[PDB]
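Given the coordinates of chain B, work out where chain A with the ligands should sit on it, guided by the hints.
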Amino acid sequence: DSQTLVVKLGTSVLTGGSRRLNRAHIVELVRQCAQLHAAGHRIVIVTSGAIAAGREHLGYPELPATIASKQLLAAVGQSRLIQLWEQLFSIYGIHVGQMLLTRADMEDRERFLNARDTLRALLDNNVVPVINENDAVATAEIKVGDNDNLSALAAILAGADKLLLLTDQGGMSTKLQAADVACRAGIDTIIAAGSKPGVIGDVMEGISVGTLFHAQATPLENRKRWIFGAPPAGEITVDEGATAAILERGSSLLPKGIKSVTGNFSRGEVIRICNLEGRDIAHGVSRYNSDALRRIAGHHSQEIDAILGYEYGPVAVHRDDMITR
Amino acid sequence: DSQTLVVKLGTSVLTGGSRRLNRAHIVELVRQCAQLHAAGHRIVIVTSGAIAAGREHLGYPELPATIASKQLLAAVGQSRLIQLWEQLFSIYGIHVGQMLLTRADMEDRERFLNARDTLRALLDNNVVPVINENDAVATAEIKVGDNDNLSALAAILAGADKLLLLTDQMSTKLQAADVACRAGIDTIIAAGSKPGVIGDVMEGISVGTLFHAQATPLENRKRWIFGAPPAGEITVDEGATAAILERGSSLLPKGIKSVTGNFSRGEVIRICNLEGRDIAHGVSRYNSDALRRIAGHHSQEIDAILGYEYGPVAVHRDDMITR
Ligand SMILES: N[C@@H](CCC(=O)OP(=O)(O)O)C(=O)O
Ligand SMILES: N[C@@H](CCC(=O)OP(=O)(O)O)C(=O)O
Ligand SMILES: O=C1CC[C@@H](C(=O)O)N1
Ligand SMILES: O=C1CC[C@@H](C(=O)O)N1
Ligand SMILES: [Mg+2]
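Those protein sequence lines, which keep their order, are chains B and A.
For the first sequence, the residue numbers in PDB author numbering are 3 to 171, 212 to 367.
For the second sequence, the residue numbers in PDB author numbering are 3 to 171, 214 to 367.
To spell it out: a stretch of chain B is covered by chain A in this simulated footprint if at least three of its residues, at any positions, have a beta carbon under 8 Å from a beta carbon of chain A; those stretches are:
#1 81-90
#2 101-108
#3 126-136
#4 296-310
Keep in mind the hints are simulated off the structure, nothing from the lab.
Where a beta carbon is used, it is the ideal one built from N, C-alpha and C, also for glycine.
Next up, chain B with everything else stripped away, as it sits in the complex:
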């Protein structure tokens, strides 16, 4: 009976479409979560609003149009944001815990497992995790970049049964991607209006509300779900045949099919695979250092030993360490 639900609240949900966090709207969504919590369910919050909270608290100041500006606002806003969640949940006797992360914290199976553990330890002790991107401390390069996608990753981390993406009803687009990442990991996804009375309870019960996305009948293997989180450390461009081999046959990537290789990356790191078109067709763990791949690109499997002076098997990226599409 007990279930794990991730609720994602983006900025216009939190502000009610104004330039200020709306505590009336938020406390009403907290009340709904509390009700499910009191009933034995596990609740995870993914929250936006750090920058809006900061802008408000500093009195809307003139700032250089720079990333430093946004990060300074998030440093201030995130302080205020977590307070707001803490105070509001405390009305209902519920404790919260702050987690701030980026793709960097999922560049490994190990760092992914670490984040998973923290989050499950929170839920196991009846604390609600309040998750957001670590905006104050991050380069654009390591960020998830939108909270829709982040909440899917959080759903995976939490071993969630459902993901609820609240809307204030491009914005639709990240939501569809999130629904896709989540469903493939075996998690039901619902897009629904934050302003709909009893929305969160309805979703939890199974009452048709918002837009339903069924979890994949047979989900992507648990052991490789962490690859969804990793930021690709470089990109590999690949054959017409290799492309087909990966998308149709679900096969591994042979260096025979590699056309080019961009970036510096090591064996063990996750990289992006592109077709000649330029489209991202897969992410997967590299078996070879990047200087070694440029070297064995185009050559058959039996040749690797002799080109490099060593081998780490015949495959550039193994299907078991790969996520297509």
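Positioned in the frame of chain B, the structure of chain A with the ligands alone reads:
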């Protein structure tokens, strides 16, 4: 004339040696900072106490002695902690900004500079950065591992003139003073319970122990290397150890004896002597497999061995910090 001070407050300072954060002791220290802030000075806080705040807030629950327990405590505790710093600084009309980080945020020049700019943007706008390790989201492998060392890095990031390590009155404190002192930052170790200690340190009044900034500091372009977590290691000749330590020379592949791990060109690595001691960290010019392949060989052979070449040196003196 206006200055930049980093104040580090560990757990026993914030609790006054009990298991609860002491709001009385803390507001007094905040008052001292605020007085310096109002006079034009730039104040940065490096705070411990997330775990202690967490246990108290949860009512001292019985938790498994695991790292996930510590991480849950930090997740709850950091939240309480940032709230306490904000509430108290606001007494004085001062805003705070939360920054949580690990060595990962300093594994790179770019990520290092990104944090630098954020911390300095906070200060230019009179906001006090409240800095801590990201204990809720981090593996052991990527943490600084102690807030003494963390504050030395924070001082570097901030372009601090002084670092003040507050005590409940040691080795991690001496380590942090070394890092700061080398980066040209005066480090003071002194008792947090000393009346006017923060204000006194700013005025240069003798309180506790002062460690002087290095007469000629480590070059600024390479200070970020104190921050990085080594991505792998190299073990090195008796000859190469001596060239590095005694004559500050670059590292040539000839003296490389072994290579540990998987890493790329551009990543910081650790250099070990044969006895196993850490003697320098420096940016690798070659990937780890390439290094295994050219270890013990002359620079002339690199191109012929690898099929390419990035200069005669495995780790340049310019991208290296010894010790
Ligand atoms: N951290 C994100 C913003 C958060 C976010 O995207 O929230 P949403 O777009 O789901 O309202 C960024 O890249 O600035
Ligand atoms: N929070 C950090 C460091 C805390 C710390 O050691 O500071 P201390 O209380 O020793 O001055 C951690 O990773 O344990
Ligand atoms: O749109 C926004 C407001 C705050 C920031 C965040 O991710 O918290 N993004
Ligand atoms: O000793 C402690 C208290 C909490 C944690 C921290 O430094 O935040 N370490
Ligand atoms: Mg201390």
